[PDB]
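Colleague: This is what each chain is made of:
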Amino acid sequence: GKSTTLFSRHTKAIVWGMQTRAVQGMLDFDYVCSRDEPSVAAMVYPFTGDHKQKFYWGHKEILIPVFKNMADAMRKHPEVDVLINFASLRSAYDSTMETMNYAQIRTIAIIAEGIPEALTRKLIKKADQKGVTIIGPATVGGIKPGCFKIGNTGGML
Amino acid sequence: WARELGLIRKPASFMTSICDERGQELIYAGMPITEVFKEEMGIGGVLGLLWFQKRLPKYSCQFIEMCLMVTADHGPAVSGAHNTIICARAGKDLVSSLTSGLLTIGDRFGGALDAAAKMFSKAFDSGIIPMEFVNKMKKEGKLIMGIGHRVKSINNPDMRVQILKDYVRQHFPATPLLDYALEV
Amino acid sequence: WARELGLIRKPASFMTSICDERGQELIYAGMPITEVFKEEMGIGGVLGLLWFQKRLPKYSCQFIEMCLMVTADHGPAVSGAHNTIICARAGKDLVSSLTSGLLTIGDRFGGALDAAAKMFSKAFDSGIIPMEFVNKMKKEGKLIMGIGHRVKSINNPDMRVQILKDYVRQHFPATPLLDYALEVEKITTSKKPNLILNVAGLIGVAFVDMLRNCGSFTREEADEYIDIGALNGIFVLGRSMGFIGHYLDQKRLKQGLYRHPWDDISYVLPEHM
Amino acid sequence: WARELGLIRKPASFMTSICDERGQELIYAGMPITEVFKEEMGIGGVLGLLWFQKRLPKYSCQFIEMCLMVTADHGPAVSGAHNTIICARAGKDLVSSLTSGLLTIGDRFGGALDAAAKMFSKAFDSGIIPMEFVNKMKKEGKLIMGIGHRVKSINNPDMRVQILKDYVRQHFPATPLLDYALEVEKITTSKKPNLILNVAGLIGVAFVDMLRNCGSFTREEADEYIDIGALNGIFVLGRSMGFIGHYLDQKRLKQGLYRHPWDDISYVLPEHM
Amino acid sequence: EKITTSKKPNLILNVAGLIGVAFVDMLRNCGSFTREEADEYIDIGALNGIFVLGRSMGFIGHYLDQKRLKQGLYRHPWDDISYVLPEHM
Ligand SMILES: CC(=O)SCCNC(=O)CCNC(=O)[C@H](O)C(C)(C)COP(=O)(O)OP(=O)(O)OC[C@H]1O[C@@H](n2cnc3c(N)ncnc32)[C@H](O)[C@@H]1OP(=O)(O)O
Ligand SMILES: CC(=O)SCCNC(=O)CCNC(=O)[C@H](O)C(C)(C)COP(=O)(O)OP(=O)(O)OC[C@H]1O[C@@H](n2cnc3c(N)ncnc32)[C@H](O)[C@@H]1OP(=O)(O)O
Ligand SMILES: CC(=O)SCCNC(=O)CCNC(=O)[C@H](O)C(C)(C)COP(=O)(O)OP(=O)(O)OC[C@H]1O[C@@H](n2cnc3c(N)ncnc32)[C@H](O)[C@@H]1OP(=O)(O)O
Ligand SMILES: O=C([O-])CC(=O)C(=O)O
Ligand SMILES: O=C([O-])CC(=O)C(=O)O
Ligand SMILES: O=C([O-])CC(=O)C(=O)O
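Protein chains in written order, with UniProt numbering: chain A, 487 to 643; chain B, 827 to 1010; chain C, 827 to 1099; chain D, 827 to 1099; chain E, 1011 to 1099.
There could be a bad hint or two in this list.
[To be verified] Dumping the calculated DSBU-like pairs for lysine-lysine here, alpha-carbon to alpha-carbon at most 30 Å:
id, chain 1, residue 1, chain 2, residue 2
1, E, 1080, C, 1018
2, D, 1080, C, 948
3, C, 1077, D, 968
4, B, 991, B, 880
5, C, 978, C, 948
6, E, 1077, C, 964
7, C, 962, A, 538
8, A, 498, A, 546
9, D, 1080, B, 944
10, C, 1017, A, 611
11, A, 540, A, 630
12, B, 968, E, 1077
13, A, 540, A, 554
14, C, 991, D, 864
15, D, 944, D, 1012
16, A, 538, C, 968
17, C, 991, C, 944
18, D, 948, D, 884
19, D, 944, D, 991
20, D, 1018, D, 944
21, C, 1080, D, 948
22, C, 968, E, 1080
[Claimed, not checked] Pair by pair, the computed Cβ-Cβ distance ranges are:
id, chain 1, residue 1, chain 2, residue 2, range
23, C, 988, D, 1017, 50 to 60 Å
24, B, 978, E, 1081, 36 to 46 Å
25, E, 1033, C, 1085, 18 to 28 Å
26, E, 1081, D, 838, 19 to 29 Å
27, A, 624, B, 880, 50 to 60 Å
28, E, 1033, B, 897, 19 to 29 Å
29, D, 955, B, 897, 55 to 65 Å
30, C, 1085, D, 1017, 48 to 58 Å
31, B, 989, E, 1033, 27 to 37 Å
32, E, 1019, C, 967, 57 to 67 Å
FYI, nobody ran anything at the bench for these hints, they're computed from the structure. Beta carbons are placed, not taken as given, at the ideal position from N, Cα and C, and that holds for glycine.
Input sequences plus hints: build the corresponding full structure.
Modeller: Here it is in structure tokens:
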């Protein structure tokens, strides 16, 4: 069952890939929205070891964990309910399918351009089965002013 | 001026957590230097503060000092001391000679400490009995790191292994890996 | 005098095969220095004699000189040049500054040469097609070393990958590993344009081709020379030129001691230990 | 953002003038890398651009290459090669072994280049005749650096001093300091034959002559480059080739860890302290 | 130090100068050394070795801290470097 609400002031998301500019814009949007916590809890990048990337919370310095594996990110952050998939057209399908195995993820945002229609169709079928709302691929994402921002939606600050 | 007014952001390119040079007092991983000397720390305590950021007990600091004492020198025949002497006889520098000597510290010379530690830690965590560990390392073909001397065999130990071992029995609370290594 | 008359037998503790100081003439790997200069080989020929004990062809020596040239320096912002400049501004020494700069030459900085060469050689020897190699690298969470550039891409090449590549095509007899790397580059540029063959990757694959394609070496010799770190020595020798240039520039500019700003450190010391 | 828009103003903590990594093309002190490869300058030209920021003539670059060639390696018995071999037989690293070998250079091993150059430059600038120079050196208990060889004296010259000297006569426009050093050599050989111009002294005087005889440099620039240790860099860069060759040779021969024998150490420790 | 603080208040005996003078005193005011032995040990660089050995602890601590923090490769920003390369050489 797809919920009628997707984003709130307590929504936590996991970003797939090195998109430090997008995540920094997300954090700036959260700060100017008077959010208690940043909307990005962790990043997933398979081509590097687990570490902490340095980001800005307003003027303060914070560290956001980066995990080589998605399973570690879902394990250590059970409060995350949104995935923002920055994988390319060759990796968006597999990343989304692997994320769908985790029941904590309720909304998946796919940014990639050029995903084959069959693969997106399969993703739609599995999302309908699992009750996961997918912000369809080839999108910038979405904005909920005061609550949450997806990727680079809304431009710069 | 802009930073003082809080007008701009610039991410810091570095990150340190061992020493705080700025401020009124020098700080070693949270402990001021005056508190360092009042607590009667030694080289071991300062080493623990700078390397582990921990307030080690007195016996731990004394054991670290003893380890530094026993590894101070082992003669000029080793590779590092040889290189240091070669660079010194060239009349180069203290720093350069020390550097040339220290650059030989690696797998074959000086790396037996870390290699033995990793070897015995892996063997202990694997849960295999010491006899099984010895048989496995015989069959696989790697020498057991930290085992084997040239001339001092029995009734005449290294005699600086004895000092550290006696200290560890006397002061260390629990020594499971030491007992495993002694069984090996 | 006993050694002169040979009444005693003492085995030698060392063994060298690159240079012979003793005798009426200085000898480089069995060839006199005067013969070295009459043959008109340059830095590349002496490098080949000292490192491989082989009489390399003229094009191989020129290619080695080219590789030393292109890796001479890449600005002061790299780790090694930064360390050399810091040591020079401390007024220490030429040798000490070069030393401090060269000590950063390792896996993350300067080791892309050997890593790329080893990876491409392993892929070529395994017999897998370049697409299979790309997929294998992708599924193992490993980036193809020697592939990808900062700003350069297709339709805007490196301008020093191009020169070395043109020399290799014009002069090298056969370059199978270079062709394999070019197919890999063609596959990776279809993903995003900036995924072109690096200077490190191109030099590594061309050096492997020069080792295992000229008549000087056998396959075992070339593999052993790659393993022991011949390309690491190539990069170190090339970048020492730029490091010494940095030291001389810092000395000429009379720069004072460097004292890193506090506002770029972000002390994260514990509350109380 | 504030720096691009020019609202703020932050002083730069570093200054460089040898290489420009940024941009669409690598630049070696004003000259693009492609242009560096167009006029066919080699190791000498790149070295001149990086160290002196000058477009040296072809003969100067070739002479620099020759100087690197003759100082490439001089056997394993020297202190630096010995240290490199010791660090290699410990199986440490290429960079570490080269580093340990290089760290011995500067005072008694490899320091004769700069010392001889400075001594002969001071003698020539002081205006004293070579005989007065020899008398002054003798009276103050100093040996002339770069004068005096081991075995090869006359009718059998160094055979690599000869190559460089012949090149200098053939291609250098004017070499007053070389003539002064040769007069000093003529005076010293009348004392005993082995008092000839060494490769260190010959290279030093010819390098000073190249610096202050080609149109690239003024007298002040040449003097400053000599003072800051250009010849030390020349020797170190040349000998790095031989040191890396020694490391590769030791790796190829698979020599084990070296420990100096006790019968050669002669412990003189005190009775009890 | 009294004279220099009379000149400017922050011209105090540094830790370097204090350690140097106290180490010279320890060398030449203890029964272990004669005056020439202390002079020779000062000349050959005993305090250089003292400083190097002391600061080695801090340098190894810095290395361990950087390894534990898993800091990535450093590249100095281009805005902090002044390129004064010649027009064309
Ligand atoms: C800093 C320090 O204190 S040094 C620390 C070095 N760490 C090590 O122990 C490395 C491995 N061991 C060694 O090399 C020992 O120090 C050495 C030098 C005594 C061994 O050198 P050797 O001359 O081979 O000793 P020895 O001749 O008695 O060894 C003979 C046999 O013992 C075995 N052996 C030697 N060392 C070890 C070891 N550490 N573990 C298991 N077996 C060993 C050898 O396999 C050899 O096999 P063999 O029975 O087929 O001949
Ligand atoms: C010898 C060689 O060519 S290095 C060989 C390396 N080979 C490999 O490891 C292959 C693996 N590939 C990779 O890791 C990557 O594809 C790379 C590193 C090769 C390509 O670089 P990227 O990952 O794009 O990062 P890059 O090095 O461009 O740096 C990021 C940005 O910082 C900028 N930057 C670089 N150096 C500096 C500096 N000193 N100061 C300020 N900014 C800088 C760059 O301009 C770049 O921005 P751009 O993309 O708009 O040009
Ligand atoms: C080992 C030691 O104890 S140091 C030994 C030094 N040797 C000597 O004593 C030789 C003679 N002494 C001197 O030359 C001088 O008295 C010195 C250099 C020791 C001190 O003089 P100063 O220039 O006043 O000290 P310093 O250079 O640290 O001053 C820089 C100022 O910026 C600050 N500062 C220092 N380093 C940094 C940095 N990396 N980032 C930001 N700010 C800094 C300091 O707080 C200091 O404060 P101020 O603005 O009130 O002066
Ligand atoms: O130097 C030491 O500590 C002793 C040593 O490694 C050896 O066994 O040769
Ligand atoms: O290693 C080099 O050639 C320098 C380099 O690519 C960089 O880090 O900018
Ligand atoms: O002649 C050289 O090149 C330097 C050298 O090795 C020596 O003789 O000590």
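Colleague: All the hints need checking, so say for each whether the structure fits it.
Modeller: Verification of the supplied hints:
no., hint, result
1, 1080(E) / 1018(C), "holds (29 Å)"
2, 1080(D) / 948(C), "holds (23 Å)"
3, 1077(C) / 968(D), "holds (29 Å)"
4, 991(B) / 880(B), "holds (24 Å)"
5, 978(C) / 948(C), "holds (27 Å)"
6, 1077(E) / 964(C), "holds (27 Å)"
7, 962(C) / 538(A), "holds (27 Å)"
8, 498(A) / 546(A), "holds (19 Å)"
9, 1080(D) / 944(B), "holds (26 Å)"
10, 1017(C) / 611(A), "holds (27 Å)"
11, 540(A) / 630(A), "holds (25 Å)"
12, 968(B) / 1077(E), "holds (28 Å)"
13, 540(A) / 554(A), "holds (17 Å)"
14, 991(C) / 864(D), "holds (15 Å)"
15, 944(D) / 1012(D), "holds (20 Å)"
16, 538(A) / 968(C), "holds (19 Å)"
17, 991(C) / 944(C), "holds (19 Å)"
18, 948(D) / 884(D), "holds (28 Å)"
19, 944(D) / 991(D), "holds (19 Å)"
20, 1018(D) / 944(D), "holds (24 Å)"
21, 1080(C) / 948(D), "holds (23 Å)"
22, 968(C) / 1080(E), "holds (18 Å)"
23, 988(C) / 1017(D): 50 to 60 Å, "holds (59 Å)"
24, 978(B) / 1081(E): 36 to 46 Å, "holds (43 Å)"
25, 1033(E) / 1085(C): 18 to 28 Å, "holds (26 Å)"
26, 1081(E) / 838(D): 19 to 29 Å, "holds (24 Å)"
27, 624(A) / 880(B): 50 to 60 Å, "holds (52 Å)"
28, 1033(E) / 897(B): 19 to 29 Å, "holds (24 Å)"
29, 955(D) / 897(B): 55 to 65 Å, "holds (60 Å)"
30, 1085(C) / 1017(D): 48 to 58 Å, "holds (54 Å)"
31, 989(B) / 1033(E): 27 to 37 Å, "holds (29 Å)"
32, 1019(E) / 967(C): 57 to 67 Å, "holds (60 Å)"
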